[PDB]
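To begin, one chain is listed below as structure tokens, in the form deposited without the named molecule.
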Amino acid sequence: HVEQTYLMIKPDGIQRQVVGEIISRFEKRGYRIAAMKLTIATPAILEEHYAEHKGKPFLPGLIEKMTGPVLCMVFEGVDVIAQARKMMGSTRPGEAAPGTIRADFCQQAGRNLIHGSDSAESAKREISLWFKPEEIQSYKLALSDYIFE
């Protein structure tokens, strides 16, 4: 049993030019790239993505910081939703564990490089929001026998 999570490199990850390093961290565990698309996030789609924060005073500045290039991604693996969150580390980089993305690259929550789905429900919703179902690609990793039990 594998699952799929939605991961998104935020504009700071694009502008700091660490896209390849981020992708490599997930590839290193044998997670499969099931979907990938560069876009520019706009306020209308960001309001849907951040629907949980509608009306909160921090939302407008959050949307402004997220208005820019982003890399939309779907990765597949065992327990990948929870594992990707663990690899990202805490929202606040100063609290994130050493060896996580946020601790290794970042200083503050307002520029923390990457978004990842926090639950199966959020992964389904976020994948649907940012990708058409057709953009999710089906193929098998050739090294599967040495990654999976």
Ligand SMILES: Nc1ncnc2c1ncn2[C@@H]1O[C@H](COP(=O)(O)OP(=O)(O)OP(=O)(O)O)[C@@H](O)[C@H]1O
Given for the second form:
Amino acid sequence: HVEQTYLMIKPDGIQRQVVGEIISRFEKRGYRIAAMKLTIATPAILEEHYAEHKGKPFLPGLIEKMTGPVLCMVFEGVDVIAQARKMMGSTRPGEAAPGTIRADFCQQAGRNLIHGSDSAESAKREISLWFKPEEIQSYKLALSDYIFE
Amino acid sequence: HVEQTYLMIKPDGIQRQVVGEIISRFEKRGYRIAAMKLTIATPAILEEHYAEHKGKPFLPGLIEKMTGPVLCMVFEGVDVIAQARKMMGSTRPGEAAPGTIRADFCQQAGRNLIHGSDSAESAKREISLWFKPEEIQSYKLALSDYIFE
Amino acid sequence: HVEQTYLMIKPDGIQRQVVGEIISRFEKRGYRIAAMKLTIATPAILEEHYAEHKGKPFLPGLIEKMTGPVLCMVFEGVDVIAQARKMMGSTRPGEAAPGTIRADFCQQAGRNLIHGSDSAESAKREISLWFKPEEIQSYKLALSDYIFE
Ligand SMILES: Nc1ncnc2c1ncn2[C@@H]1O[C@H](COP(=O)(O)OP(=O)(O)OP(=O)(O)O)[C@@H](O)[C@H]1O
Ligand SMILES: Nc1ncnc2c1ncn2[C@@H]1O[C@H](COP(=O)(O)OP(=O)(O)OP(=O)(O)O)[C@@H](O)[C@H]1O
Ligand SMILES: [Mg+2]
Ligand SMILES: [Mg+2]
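Would you mind giving the form deposited with the named molecule bound, to go alongside the form deposited without the named molecule above?
So here's everything in the complex, that chain up top.
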């Protein structure tokens, strides 16, 4: 039983040129790349992505920080929504555990390199927001017998 | 005072071709390779290895997963039995801490890449099962003065 | 606001030839190298460095272990004093969290690879002990807009 999560490399991940390192951390667990697209995020899509923060005082600055190149991604694996959140670490890098992306790469929450869906409902919504169904690619990893019990 | 632990790369570690990465994690701490051998695990040896689980419903499938190439290893260091367990992380990769082998490489307990002895008694038993005493090598690490206090 | 911490690679870090790896861990978070100097630590300077341990029974052996080549460093970043301590891990490598320097490289407290200031007051004192003000270099990281919120 696998699931799919939406992971997005933020403009800081692009500009610091750590895209490959980020992808490698998820590939290392045998997570499958189901979708991937470079785009430039717009305020319109970011308002919907961050709909849960509508009307809040930090939202305008958050949208500004995120208006730039982003790598949209879908990864598949067992419990991958919760596991990817664990791998990213706490929102504030200073509170994130050693060995997580945010602790290993970042200093402040406003430049914390990566987004990941936080629940099954948010993963389904975010994947549908950033990807059309034809962009989601179905294939089986050749090492599946050695990844899944 | 140093001790020795039995560590075994399971068929998934061989087939995913991460043997060198695993070894490097233990070398990085100045643990000494006291024994190393590639073999193919068979049911009769695995039944001894997993003797405590004789008769449990999960055992036949466990033996099937483990019937394959394995890298038998003995590493030596301070508190190495407990430390190697900590480095591997929880049996269930989803519960394992970031930075541990199972958290960094794996998804499920049935394919969790590596075995390590859980106690002094188990290390003696497992080293005797998988190695002949001839295969344990005695030598001193040249960097000892900078590894040990 | 950013702050500055004193970090020192101990003789074991020099002799095990892991200097670059240590530096890379701090650079990876966008911490800025403000000062760096290779020297050979001597008892007189180490007595001042370890002044808080004056008169204690273990101090003589600590000074002996530390008499050797060291890399003096100053790193700058948000909350860098506390964060560098978190990255180093517990004094005892066996208690340190996976993903920390001491857990990843070391076995025992007496050979734990690296020193870092434990407080704002000790950072100011240690930077002044090991560096003259003219050795502290001020420049801005080109990726600042993507590191700091
Ligand atoms: N009170 C606040 N003041 C300023 N910025 C905030 C505040 N709360 C949240 N943010 C910003 O909102 C961003 C997203 O916040 P959220 O609570 O969704 O965290 P997250 O789930 O870790 O992030 P993401 O969805 O990007 O993975 C954080 O990176 C932070 O920059
Ligand atoms: N009981 C001990 N056995 C061995 N070494 C010790 C012991 N106590 C202290 N040391 C050594 O003394 C150094 C200074 O001790 P302290 O309590 O200041 O730890 P620390 O703050 O982690 O170390 P450092 O200042 O080197 O970063 C320790 O890093 C360790 O190298
Ligand atoms: Mg969020
Ligand atoms: Mg100290």
